[PDB]
Amino acid sequence: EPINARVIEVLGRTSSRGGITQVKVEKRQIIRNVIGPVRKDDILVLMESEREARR
Amino acid sequence: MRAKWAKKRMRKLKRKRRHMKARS
Amino acid sequence: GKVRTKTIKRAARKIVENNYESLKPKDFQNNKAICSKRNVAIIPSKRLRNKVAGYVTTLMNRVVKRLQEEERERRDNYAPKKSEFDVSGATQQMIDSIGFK
Amino acid sequence: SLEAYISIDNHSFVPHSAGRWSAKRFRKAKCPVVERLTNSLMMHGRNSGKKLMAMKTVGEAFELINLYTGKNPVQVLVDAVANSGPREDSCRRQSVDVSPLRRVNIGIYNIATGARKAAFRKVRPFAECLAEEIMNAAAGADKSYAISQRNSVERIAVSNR
Amino acid sequence: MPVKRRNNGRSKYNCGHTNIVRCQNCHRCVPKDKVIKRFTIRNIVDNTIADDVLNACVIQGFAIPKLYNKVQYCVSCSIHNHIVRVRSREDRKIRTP
RNA sequence: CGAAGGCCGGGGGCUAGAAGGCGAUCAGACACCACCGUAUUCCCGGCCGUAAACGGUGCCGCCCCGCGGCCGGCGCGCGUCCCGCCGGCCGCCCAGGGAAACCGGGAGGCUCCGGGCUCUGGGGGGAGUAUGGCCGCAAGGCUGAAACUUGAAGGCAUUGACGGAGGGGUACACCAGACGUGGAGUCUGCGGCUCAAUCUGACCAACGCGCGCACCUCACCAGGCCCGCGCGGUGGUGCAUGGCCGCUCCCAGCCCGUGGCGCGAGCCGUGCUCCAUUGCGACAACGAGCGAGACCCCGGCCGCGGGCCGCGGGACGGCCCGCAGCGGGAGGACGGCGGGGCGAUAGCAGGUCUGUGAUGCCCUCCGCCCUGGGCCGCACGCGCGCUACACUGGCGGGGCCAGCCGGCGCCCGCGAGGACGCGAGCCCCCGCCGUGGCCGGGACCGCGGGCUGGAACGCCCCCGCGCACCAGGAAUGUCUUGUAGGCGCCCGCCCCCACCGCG
Ligand SMILES: [K+]
Ligand SMILES: [K+]
Ligand SMILES: [K+]
Ligand SMILES: [K+]
Ligand SMILES: [K+]
Ligand SMILES: [K+]
Ligand SMILES: [K+]
Ligand SMILES: [K+]
Ligand SMILES: [K+]
Ligand SMILES: [K+]
Ligand SMILES: [K+]
Ligand SMILES: [K+]
Ligand SMILES: [K+]
Ligand SMILES: [K+]
Ligand SMILES: [K+]
Ligand SMILES: [K+]
Ligand SMILES: [K+]
Ligand SMILES: [K+]
Ligand SMILES: [K+]
Ligand SMILES: [K+]
Ligand SMILES: [K+]
Ligand SMILES: [K+]
Ligand SMILES: [K+]
Ligand SMILES: [K+]
Ligand SMILES: [K+]
Ligand SMILES: [K+]
Ligand SMILES: [K+]
Ligand SMILES: [K+]
Ligand SMILES: [K+]
Ligand SMILES: [K+]
Ligand SMILES: [K+]
Ligand SMILES: [K+]
Ligand SMILES: [K+]
Ligand SMILES: [K+]
Ligand SMILES: [K+]
Ligand SMILES: [K+]
Ligand SMILES: [K+]
Ligand SMILES: [K+]
Ligand SMILES: [K+]
Ligand SMILES: [K+]
Ligand SMILES: [K+]
Ligand SMILES: [K+]
Ligand SMILES: [K+]
Ligand SMILES: [K+]
Ligand SMILES: [K+]
Ligand SMILES: [K+]
Ligand SMILES: [K+]
Ligand SMILES: [K+]
Ligand SMILES: [K+]
Ligand SMILES: [K+]
Ligand SMILES: [K+]
Ligand SMILES: [K+]
Ligand SMILES: [K+]
Ligand SMILES: [K+]
Ligand SMILES: [K+]
Ligand SMILES: [K+]
Ligand SMILES: [K+]
Ligand SMILES: [K+]
Ligand SMILES: [K+]
Ligand SMILES: [K+]
Ligand SMILES: [K+]
Ligand SMILES: [K+]
Ligand SMILES: [K+]
Ligand SMILES: [K+]
Ligand SMILES: [K+]
Ligand SMILES: [K+]
Ligand SMILES: [K+]
Ligand SMILES: [Mg+2]
Ligand SMILES: [Mg+2]
Ligand SMILES: [Mg+2]
Ligand SMILES: [Mg+2]
Ligand SMILES: [Mg+2]
Ligand SMILES: [Mg+2]
Ligand SMILES: [Mg+2]
Ligand SMILES: [Mg+2]
Ligand SMILES: [Mg+2]
Ligand SMILES: [Mg+2]
Ligand SMILES: [Mg+2]
Ligand SMILES: [Mg+2]
Ligand SMILES: [Mg+2]
Ligand SMILES: [Mg+2]
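Protein chains in written order, with the working numbering: chain A, 305 to 359; chain B, 43 to 66; chain C, 255 to 355; chain D, 2 to 162; chain E, 893 to 989.
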């Protein structure tokens, strides 16, 4: 049972080599890391809402 | 050598000399 | 990623200071204005001229937001009709210890 | 694989367009999808370029799907593109989730790759390999190469949460 | 090796000997007036859940308790973990926090 | 009297823990890290007498610009404060001092040298050793030489280089990928081996590099003319030199006049941004210059002129929003123009004397020429490449399109090529083969027919013969738009001849 979240904004490049990006998605403010090229108002498939990104 | 261990070495040497001179 | 060198800027400042009346803040008129040899300007190339005019047009729309040196002087000399000087515990002790009080 | 990254209405009478689709970051999101598949198809190395031939290759794989499923080929293509593409990846490897444009990219890539590997050194033609690949990805069948690749990626993502 | 600091690297004024403390990272012995000292006040629950604990609390007027910890580290551990930095010769005289 | 460790005799015994044991790591680990643990750590009575026992600064006394903080006692003032005094502990600091770092409550009042007292030193080693003495249960401690050896050791400070140091930037260096190379055969260069000679240079920045070796080239071998049939000299030395090139480095860096600081080596000048020491703004510095940029060549779009070439216009972070400049939109041929040329100060015992009538000093009279041979010889290891391993393919017939600029007509000949005269491949379409080292792949070899040239050993064509190779270990390279890759075409060296380089 995967859920649909929606990127609310982009926070920055996380890893030591660029790669993933920290994003705020959405009634929540969950913060997560993404590998691909994300714009604003992109819909992501979340396998769980339990884990939150560090920092 | 670090001077502390040189001092340790010299003390062992002097004690060996005293022991050898103890005989006779 | 287009930073103007000091050569553009130093010429653009003398051009704006000398020819304030001629330069509108719109670019084609200034492109012509960085061309005349009567407002004497020896620009030895047209790309150079365009870059200088691009900085001149920008200098124009920054002074709106010489005419601002005549008024600054003409406001440093105004004496109003007042004089701006028309309780104490220790200075009282000092006016008694000086004069009448 | 979202509606905002699979372009339906921009197609032409053949996929050839001469478009500068990769001059900006997100421009290819408006690239037609059959042309994206065509661009992925000519990716063996001895076949670089040779787009005129790949357009035929895809063109004769749409008269096989219409004769097996009996439905619109472009629709089954959209279904295959949507079904494939990992939703979760692993990058001290911790789990992350995948963006839409990358899901579409990896999907189209793995369909092309599955056909490519299944046709080498075989009597079976590469076009009728593409038919198998497309009709089997869109369903969800484990025989699809893109679905097995997706499942592997998602398993490694789960083991690294 | 000339003298680097007027305080000789410690705060010892008009006494012969002072107490021993253990570094909280590596557990070496340090004199008390040399050890790097910081005081921290924080909440027992992280701020990222500080409102969900609160909304799921039965007691009316509850207030999240805090933690009071005095951390003390040696010179090596302080430099390694960036509690203090190596400074320029002019900057070393600055005592501002 | 005297930290800790240590010793003698009693007591006690939680923790940690020399020694010892054990698990890892590692080439080894008897160490660092993990675990278990004896003396010890604690009490009592003694012994020992040492520590970076430090402020590396002996004790008593006098004078000494100032601004603050804290501790103890006391006094005056207002209405806790406030101003003093004595004693203590600290910070900053004018003068003065000093080799400087720095001191400044002295390390001041000192070559303008003298208040009193005690201790210690006299280049570096040998050596705090030998010997004797005193003390100690012991471990030690205190006192303490000489022969001999050596040209420096050492202090404080400057610039650079480096750091498994911190901080800030950055590039196809990595990320996401593509295409490979390394495995097969084969072209070419290198090392070794052989040889009468297989001429020689170079080991990121040597190894398709020193512009195509039958003769010539030619420096090398076997012979032979001249002055079989001084003058020269590609001799040496690029570690004796010029010039040109490469590299540090296409990095953003370098540096002058006047003032200022220091005894001096030296220093100053020399945060926010940009591709950038590009700029804003600040400053004991003020003012200039070089490198950067500007500049030159090419190519996209539009006008006037000529008959496509040759003269100009055009783009500027200019417009509109959001916060010197970073973002997002728009129009336009092109959006922050794009690909090249040039290329600072300072240097490296890279390269080159074998490109010259550049050239010093050494040595040869090894000059010039002719015939033949070698540079290409081959158990073997390496670098750059070429062609493949097939069906996204091979073959047969047809169709049709370039740019760097550029001859082809008519007969013979399967072809290759000859005698005689004058001004593109990929791809597309239609078939064939059918997963079989097969019709994939074309090395090796056997007859022939030609071209070049004084001369094949050079190259081309025809029939036949049909190697290895099934996508390649450990490793390893290049690349972001008309780009990678695929496909061919042309020029250079050139009698002939590209698997090469420039395009
Ligand atoms: K010592
Ligand atoms: K010592
Ligand atoms: K010792
Ligand atoms: K020293
Ligand atoms: K010292
Ligand atoms: K200290
Ligand atoms: K104290
Ligand atoms: K104390
Ligand atoms: K502290
Ligand atoms: K330490
Ligand atoms: K004692
Ligand atoms: K003791
Ligand atoms: K003991
Ligand atoms: K015990
Ligand atoms: K005890
Ligand atoms: K011990
Ligand atoms: K041990
Ligand atoms: K050891
Ligand atoms: K060790
Ligand atoms: K233990
Ligand atoms: K013991
Ligand atoms: K004990
Ligand atoms: K102890
Ligand atoms: K104890
Ligand atoms: K003792
Ligand atoms: K000492
Ligand atoms: K000390
Ligand atoms: K004394
Ligand atoms: K007080
Ligand atoms: K007081
Ligand atoms: K006191
Ligand atoms: K007091
Ligand atoms: K007091
Ligand atoms: K007081
Ligand atoms: K006093
Ligand atoms: K005092
Ligand atoms: K005082
Ligand atoms: K004092
Ligand atoms: K004394
Ligand atoms: K003394
Ligand atoms: K002494
Ligand atoms: K002494
Ligand atoms: K003796
Ligand atoms: K004794
Ligand atoms: K005894
Ligand atoms: K004993
Ligand atoms: K004894
Ligand atoms: K003894
Ligand atoms: K003795
Ligand atoms: K020294
Ligand atoms: K010394
Ligand atoms: K020394
Ligand atoms: K010393
Ligand atoms: K100095
Ligand atoms: K010095
Ligand atoms: K080369
Ligand atoms: K001055
Ligand atoms: K001077
Ligand atoms: K200065
Ligand atoms: K300065
Ligand atoms: K300077
Ligand atoms: K400076
Ligand atoms: K400055
Ligand atoms: K003309
Ligand atoms: K002309
Ligand atoms: K302009
Ligand atoms: K030369
Ligand atoms: Mg005693
Ligand atoms: Mg224990
Ligand atoms: Mg234990
Ligand atoms: Mg002593
Ligand atoms: Mg001492
Ligand atoms: Mg002492
Ligand atoms: Mg105090
Ligand atoms: Mg104090
Ligand atoms: Mg003080
Ligand atoms: Mg003396
Ligand atoms: Mg003795
Ligand atoms: Mg004795
Ligand atoms: Mg000095
Ligand atoms: Mg020859």
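Fair warning: there could be bad hints in the mix.
As the list claims (entries may be wrong) - When the alpha-carbon atoms are kept at most 25 Å apart in a straight line, the in silico DMTMM-like pairs for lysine to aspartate or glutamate are as follows:
hint : chain 1 : residue 1 : chain 2 : residue 2
1    : C       : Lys263    : C       : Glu323
2    : D       : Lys29     : A       : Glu354
3    : D       : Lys31     : A       : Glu354
4    : A       : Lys328    : D       : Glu4
5    : D       : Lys72     : D       : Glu129
6    : A       : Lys328    : E       : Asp925
7    : A       : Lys331    : A       : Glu354
8    : E       : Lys962    : E       : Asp944
These are calculated hints, taken from the structure and not from any lab test.
Comparing the hints with the structure gives:
Distance check on the hinted pair: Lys263(C) and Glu323(C) sit about 22 Å apart at the alpha-carbon level, within 25 Å; holds. Using a Cα cut-off of 25 Å, the hinted pair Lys29(D) and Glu354(A) is violated, with the two alpha carbons roughly 33 Å apart. With a CA separation close to 34 Å, the supplied pair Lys31(D) and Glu354(A) exceeds the 25 Å bound. Of the pairs offered as hints, the one joining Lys328(A) and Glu4(D) holds, with about 21 Å between alpha carbons and a cut-off of 25 Å not exceeded.
Of the pairs offered as hints, the one joining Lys72(D) and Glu129(D) holds, with about 17 Å between alpha carbons and a cut-off of 25 Å not exceeded. At most 25 Å may separate the alpha-carbon atoms for a hinted pair to count; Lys328(A) and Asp925(E) exceed this at roughly 46 Å. Straight-line distance between C-alpha atoms of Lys331(A) and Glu354(A) comes to about 14 Å, which keeps the hinted pair within the 25 Å bound. Simply put, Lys962(E) and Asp944(E) have alpha-carbon atoms about 28 Å apart, too far for the 25 Å limit, and the pair is violated.
The structure fails to meet hints 2, 3, 6, 8 from the earlier list, while all remaining hints are met.
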